[PDB]
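The form deposited with S-adenosyl-L-homocysteine (SAH) bound is given below as one chain in structure tokens.
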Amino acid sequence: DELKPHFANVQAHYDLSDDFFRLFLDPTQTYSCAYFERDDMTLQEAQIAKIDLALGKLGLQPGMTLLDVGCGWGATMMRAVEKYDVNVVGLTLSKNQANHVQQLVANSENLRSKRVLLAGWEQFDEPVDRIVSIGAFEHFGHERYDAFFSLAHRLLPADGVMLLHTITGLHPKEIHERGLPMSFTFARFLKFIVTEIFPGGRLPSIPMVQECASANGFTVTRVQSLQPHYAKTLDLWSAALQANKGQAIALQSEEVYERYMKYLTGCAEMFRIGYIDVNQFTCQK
């Protein structure tokens, strides 16, 4: 109400078709950087490793209520429930993800409380014990960053903790100063992504996040980069989508197929050269 969630911008991507995303994401449908804890893990094992890495920093205890901001297709929520025995609330602006997670909730045999809402954090006003947000922060926009942290710090308990996992990047007009190549290919890359893949998307800077967090009552006790892991994650995603080209075009179109391949491979290369990063910020209240 005070802040209208950007449903259209987010749904433009995530509500394309579950069957389409199923063509390149691992079984859990985790759509974020995996963690190859061991160099020989499969994409699936690596995604669970990333979920445990994030959830393991929140000091979870049975009965707690965990808030997942930008729950995607629900893998993180359901593992928090099954593995850590905490109640959960997931927020998403995607209709298909909400509907999908609602089915996981309907068929769950676990006794804990699980809720999924087709709503943004902008509309969530319930006290929670801990918060986890992986890959959603990039959709908030520069004009919501402060509002987001203020809300998170408010809803959390006295000794609350939020694990914010988000992509971060260097400004093109800075990579050029240090004498690094392809500063133009990078700027052009970012434009393509924000206009054809993630409308309204914004690339956060580590200093930016650090600033908004501290300025809102949080103490970032740790920053962990998984940069190299994303290049790998993206290469596995593009490898899968390519072998599924036929199903991709059939379910969608050659236009969508070609566009997503450019997106996936392009991102992988930008992580490979290190112009974009991904970090988990442990935010202590």
The other form holds:
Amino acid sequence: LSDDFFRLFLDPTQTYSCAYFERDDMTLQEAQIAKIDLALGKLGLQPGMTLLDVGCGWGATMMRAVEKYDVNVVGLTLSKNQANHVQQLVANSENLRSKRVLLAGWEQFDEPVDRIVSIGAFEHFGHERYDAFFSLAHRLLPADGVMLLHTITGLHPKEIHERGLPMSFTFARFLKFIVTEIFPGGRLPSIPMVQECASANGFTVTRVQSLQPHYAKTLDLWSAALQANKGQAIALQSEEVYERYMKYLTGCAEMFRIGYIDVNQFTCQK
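For comparison with the form deposited with S-adenosyl-L-homocysteine (SAH) bound, produce the structure of the form solved without S-adenosyl-L-homocysteine (SAH).
Only one chain is given; partner chains and other molecules are left out.
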């Protein structure tokens, strides 16, 4: 799936994650900005500090940090195209603030940093190395370092409650199946798991903000946008991919509408 395909429905910043409609009247793009600000506004960034963006994407977050918090910034991505893109954007920076993009994984970064931010990308599920991750977050942040993790989470067996659906172990397991195999179709971390993995590597989860409502609308806006470009979509990929996404976007939006799927920002203050 070409990056061109996703550009058919994502906003100009190409943010493939939950948007934050701080205002109901916000556009997908404004919501993505607010989401980024929501994240950043939680790190207590001070001019001169160095921010690490784990999974910088097309760079919207980095640039926003430099702009509103006047800080140096290091971004990591496993996407040649995203690195290329941000690297070009960063070229000839007169700004008295360092801006660096790296085509490496977080497990290969080893630099003193003041604050860490990690906003995941939708279909990128693989939260099975969270323990080692905090160890690294700890091993890089200042004594009062702070990190924000924006991730999709799933319901912990003993975490559900008060939704109006069966409370059995059989129903939970079925939903767990649906969630891991179809919508979204990957293994998701539970809120307890993150709070626990963090509380065991030198961190303390100060806040857990849910953006569940917002994702329903984000996905709603992505599907509408995609449908409006059905022609181009079928032309870049095929009618099979187009349909797959329309129903995968639709299905995932519903999983949030029942709560077995959630998206949280975890302020991890150490």
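Note that the rigid core is defined as the largest set of C-alphas that superpose within 1.5 Å between two forms. Numbering follows the first chain given and starts at 1.
Just one of the listed positions, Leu118, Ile167, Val89, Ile175, moves its Cα by at least 2 Å between the two forms when the rigid core is held fixed, and it is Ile175. Once the rigid core is used as the reference frame, the Cα position of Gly141 differs between the two forms by 2 Å or more.
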